[PDB]
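Note that one protein chain is taken out, while the other chains of the complex remain in position.
Chain naming follows the written order as A, B and C, and within any one chain the residues start at number 1.
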Amino acid sequence: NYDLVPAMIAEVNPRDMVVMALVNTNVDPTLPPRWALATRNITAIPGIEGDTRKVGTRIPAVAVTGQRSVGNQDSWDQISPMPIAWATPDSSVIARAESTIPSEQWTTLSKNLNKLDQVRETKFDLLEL
Amino acid sequence: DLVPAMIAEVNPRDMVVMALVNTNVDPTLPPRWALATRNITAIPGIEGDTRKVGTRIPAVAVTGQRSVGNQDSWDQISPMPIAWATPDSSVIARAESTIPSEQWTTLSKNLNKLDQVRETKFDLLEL
Amino acid sequence: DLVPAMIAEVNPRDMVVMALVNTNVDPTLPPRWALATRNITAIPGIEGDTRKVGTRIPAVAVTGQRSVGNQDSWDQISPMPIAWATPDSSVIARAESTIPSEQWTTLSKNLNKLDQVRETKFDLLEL
Partner (left out) sequence: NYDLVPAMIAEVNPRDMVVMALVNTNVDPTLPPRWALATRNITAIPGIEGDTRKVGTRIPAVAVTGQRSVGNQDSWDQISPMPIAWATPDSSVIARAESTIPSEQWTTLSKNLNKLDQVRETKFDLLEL
């Protein structure tokens, strides 16, 4: 219902950071997934300060909300990722979350961090792979 | 009142949006569909690639003059892009999905009526 | 389903929000008012000064387990801050104003029932 997605710091600025998440745009989650990259500008994530406030830092997340596509039904045209660290202070539950997310989803996200500007060129900060 | 709008023309230093609006003052009646146009310069989020004829722009129908003859209807309605208030992607995406797909289709099919709309007194043409 | 929530406790590395929720499954009935709490760490926009007991946080009531005895009601309801989806100021301000002032007042008056709520099975206490 609120399942885990990988997210990662894609850019770091003085006042905020940009996180990119790997999300499934299918409304029906049982189908083969339709992967996309979703970005979000974030000011603060507990635990992410200083030496971990770096491009490439892993952030376990969930897709908290989305909006349906007009032309399609069956697809989300917008998806908001949130770090699970906003919901729990517990380091081991966050650590668990990270290991639970498939390594291959982690690697897919890592390989696409460099597409940040392509993603930000879309109208809802969502770019289908 | 949420309405679909769409970029109908793009020029070097301005653009024109067209909206599909209901001119009846009584919203409980079957809609009295009309096309309304507005010359604008910029919309937050509408940059380069997405700045083209056909791009969807959710809007609100700002009503003006009303009069009563054979119908009680608005004589002027001006679309205001929602992104003028906030370009938040959840807001704009939700607004687009809240507008019935039939209205988006109707607007896109009438997009070529721009010159006819601009020939009316208030840039408003009942369909 | 939009509900008022409020910071009920602030700790070094976490905080607790309380929401005023309706536990009836049938929304056409007079509400069955309850208080629901959730331990969270952070909310976009809730930083330093505004991070204190009493701060208003508009939320949605995420429903869980339902069962039918003398009433058909939700056994679990968890508030989710709207700012988790987007901290856009128009969104958060509109959501706060959309929730009746009577509900905000009721929540603020019951804010001191935190320990009683946390003593229930699902952090949900019918009023």
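Keep this in mind: a contact is a pair of C-beta atoms (placed from the backbone, for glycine too) under 8 Å apart; a residue touches a chain by one contact, two chains touch by 3 or more.
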Selected from B:5, B:77 or B:80 as touching the chain missing from the view: B:80
Omitted-chain contact residue, chosen from B:43, B:99 or B:117: B:43
Interface with the undisplayed chain - residues on subunit B: 13-14, 40-44, 47, 80, 84-86
For subunit C, the residues touching the chain missing from this view: 45, 48-50, 56, 89-90, 92-94, 96-97, 99, 101, 104
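Criterion: only the chains that are shown with their structure count from here on.
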Rounded Å distance, subunit A centre to subunit B centre (Cα mean): 34
Rounded Å distance, subunit B centre to subunit C centre (Cα mean): 38
Per-residue multi-chain contacts in subunit C, two or more chains: 85-86
